[PDB]
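Would you mind keeping the following structure in view while I ask a few things?
Excluded from the complex is one protein chain; the other protein chains are retained at their positions.
By written order: A and B. Residues from 1 in each chain.
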Amino acid sequence: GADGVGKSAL
Amino acid sequence: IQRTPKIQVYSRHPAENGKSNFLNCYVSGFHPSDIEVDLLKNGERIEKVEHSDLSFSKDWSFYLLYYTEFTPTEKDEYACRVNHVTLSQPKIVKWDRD
Partner (left out) sequence: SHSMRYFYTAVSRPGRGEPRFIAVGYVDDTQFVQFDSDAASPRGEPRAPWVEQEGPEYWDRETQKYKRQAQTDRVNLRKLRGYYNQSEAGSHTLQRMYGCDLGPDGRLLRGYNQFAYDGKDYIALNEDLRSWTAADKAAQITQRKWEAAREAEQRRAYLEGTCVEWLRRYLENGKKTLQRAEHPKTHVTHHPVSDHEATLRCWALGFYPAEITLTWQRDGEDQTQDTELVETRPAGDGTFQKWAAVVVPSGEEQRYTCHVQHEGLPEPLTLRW
């Protein structure tokens, strides 16, 4: 299952 | 900044004439991801060719497997044709049973 919490914005 | 594909052309199972098999073209170690891969029977493009999902290795270079069901014979020639920005001209690798 993928890493879905948050938003990994560069 | 770009990396040229390595190309291997081979069968899924050891080739035996008259026995159904899969013809594979594995392209690996390339960057960027855009790439054109065709499987050829006696120089003509094989329709119905499936491929794996784009993935990459620890070194960030991409790899793909293109494959088609085939029945090898004594005389039929098979090949893989690959084009990528790092190549001057499309590269043709013949299938060699060995």
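We adopt the following convention: a residue touches a chain if its C-beta (ideal position, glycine included) is under 8 Å from a C-beta of that chain, and two chains touch if they have at least 3 such contacts.
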Contacting the left-out chain in the complete assembly, out of B:6, B:45 or B:94: B:6
In chain A, positions touching the absent partner: 1-10
Hidden partner chain, residues of chain B it touches: 1-3, 6, 8, 10, 12-14, 22, 24, 26, 28-29, 31-34, 52-56, 58, 60-62, 65, 67, 98
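Basically, only the chains that are shown with their structure count from here on.
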Centroid distance [mean C-alpha coordinates] between chain B and chain A, Å: 34
